[PDB]
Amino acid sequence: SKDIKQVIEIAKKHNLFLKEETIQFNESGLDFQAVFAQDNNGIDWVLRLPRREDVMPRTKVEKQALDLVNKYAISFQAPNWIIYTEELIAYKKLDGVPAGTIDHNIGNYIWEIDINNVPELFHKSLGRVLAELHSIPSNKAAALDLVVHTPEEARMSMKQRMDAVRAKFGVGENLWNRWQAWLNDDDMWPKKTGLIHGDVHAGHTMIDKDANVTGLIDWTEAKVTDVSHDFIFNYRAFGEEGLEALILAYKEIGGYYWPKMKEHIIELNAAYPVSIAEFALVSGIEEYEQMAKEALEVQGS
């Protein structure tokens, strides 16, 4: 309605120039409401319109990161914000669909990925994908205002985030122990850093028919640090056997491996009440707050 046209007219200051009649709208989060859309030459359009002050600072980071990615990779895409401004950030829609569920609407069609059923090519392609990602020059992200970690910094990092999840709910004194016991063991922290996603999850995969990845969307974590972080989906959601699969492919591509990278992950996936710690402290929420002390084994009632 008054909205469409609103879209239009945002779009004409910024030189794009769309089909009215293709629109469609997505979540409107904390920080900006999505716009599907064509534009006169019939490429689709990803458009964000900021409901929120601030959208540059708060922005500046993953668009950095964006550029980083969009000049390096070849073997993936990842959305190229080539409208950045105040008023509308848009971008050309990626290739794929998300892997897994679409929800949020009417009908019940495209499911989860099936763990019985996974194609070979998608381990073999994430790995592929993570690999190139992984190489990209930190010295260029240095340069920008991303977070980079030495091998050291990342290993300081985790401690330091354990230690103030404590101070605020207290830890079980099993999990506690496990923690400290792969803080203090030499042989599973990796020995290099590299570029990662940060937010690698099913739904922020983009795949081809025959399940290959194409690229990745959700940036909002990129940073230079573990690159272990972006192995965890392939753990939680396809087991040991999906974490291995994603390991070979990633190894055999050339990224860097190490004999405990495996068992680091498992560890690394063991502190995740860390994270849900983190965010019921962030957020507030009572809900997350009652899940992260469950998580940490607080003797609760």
The other form holds:
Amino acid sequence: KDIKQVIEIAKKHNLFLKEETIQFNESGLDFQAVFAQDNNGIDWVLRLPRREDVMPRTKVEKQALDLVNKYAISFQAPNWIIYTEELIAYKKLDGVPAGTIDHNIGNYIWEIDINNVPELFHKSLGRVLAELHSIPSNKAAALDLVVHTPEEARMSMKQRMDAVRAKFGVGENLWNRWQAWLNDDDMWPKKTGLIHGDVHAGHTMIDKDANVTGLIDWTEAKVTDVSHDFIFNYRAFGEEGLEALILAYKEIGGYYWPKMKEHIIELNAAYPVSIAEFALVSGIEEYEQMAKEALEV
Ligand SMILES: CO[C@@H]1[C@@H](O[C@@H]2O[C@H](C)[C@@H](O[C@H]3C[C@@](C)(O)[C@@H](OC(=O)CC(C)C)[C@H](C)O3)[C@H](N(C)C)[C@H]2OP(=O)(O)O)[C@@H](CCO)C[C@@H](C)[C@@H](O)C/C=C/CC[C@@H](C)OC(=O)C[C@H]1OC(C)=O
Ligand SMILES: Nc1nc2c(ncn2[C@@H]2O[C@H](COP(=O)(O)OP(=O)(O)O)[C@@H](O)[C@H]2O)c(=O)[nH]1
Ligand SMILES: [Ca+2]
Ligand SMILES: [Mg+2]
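Previous: the form deposited without Phosphorylated josamycin; requested now: the form solved in complex with Phosphorylated josamycin:
After this comes the whole thing, all chains and molecules, with the earlier chain placed first.
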């Protein structure tokens, strides 16, 4: 039934699949992901829409993907060869995700040892992020991404914090920590860049040597503080993993400043802002309680 639907929607877009290879991913509030080979044996990823207004809701994301596909050489991103209101499809990237969330345990199934991360993982991620963050988004004729100057990125965080406080409240010590960070001029970066915005193991494609070769799921891409793309490395691999990533990024020519590590640690402490915003917009009860606990109220 579902399989038959996939074949027909693909046919309508001139995509012809080996039926025996069709596999459905879990879930889908926005899109159902489906994996399948075409008749030449090439692996594809299909996204079946579950909501209206597909094109307007993907416009910005496609702009980001277009930038990456135009400028990047050391990593892949989805290239939506089929892009319509009825189907988005791209050839599957090389490699495997460094970890994939399994919801029946509430954590990743990892492809690397988090207690002994290969050095090449941090080195290659630093290369990839440095390349990404230096893409010249200004050379596009139209850009509807959110774009922040360094000053605007700081003001954005300040305003987002106030809005969360107004809605949920924030614990007193946590709020004071946030304000001390906002107020420390020396902490803040003097350059912004095109970011992925949701870098974590499930979106990070690696080869057999744990060299990063691609990134998927670009819905959170924008031009802002680059520091967001370092957060997961810290959260998963601790200060050592954060330092290793910063070192690689610096040494290949990424923008570095003396308080970069400290700033990223403070941004991590501001993660409750993000979970609170997601709880609000999504309406999902589980994230509402997670938000309240994270905000220390
Ligand atoms: C992929 O991240 C997951 C989480 O899963 C994500 O929980 C987010 C809150 C969702 O959302 C994301 C993106 C975002 C854009 O929605 C963002 O929202 C915003 O910034 C604001 C918005 C208005 C633009 C929000 C804060 O985080 C993601 N889903 C629903 C999209 C969802 O991944 P999943 O689907 O793959 O499961 C987590 C639940 C919620 O924390 C999975 C769960 C099984 C949990 O038991 C497992 C926890 C593992 C801990 C170890 C650590 C190294 O691992 C991570 O650090 C990854 C982890 O993150 C966190 C902070 O622990
Ligand atoms: N190996 C691999 N997995 C992919 C690829 N594209 C999507 N996936 C898998 O499909 C899942 C969902 O795709 P994603 O673009 O993140 O969509 P989401 O469900 O909206 O978050 C990912 O978490 C990956 O496990 C790809 O190119 N390669
Ligand atoms: Ca997404
Ligand atoms: Mg995803």
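In this text, the rigid core denotes the largest set of C-alpha atoms whose superposition between the two forms falls within 1.5 Å. Positions refer to the first chain, counted from 1.
Taking the core as reference between these two forms, the lone member of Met206, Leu133, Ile89, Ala141 whose Cα moves by 2 Å or more is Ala141.
Core-superposed comparison between these two forms: the Cα of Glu112 travels 2 Å or more.
Once the cores line up, the CA of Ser157 ends up less than 2 angstroms apart between these two forms.
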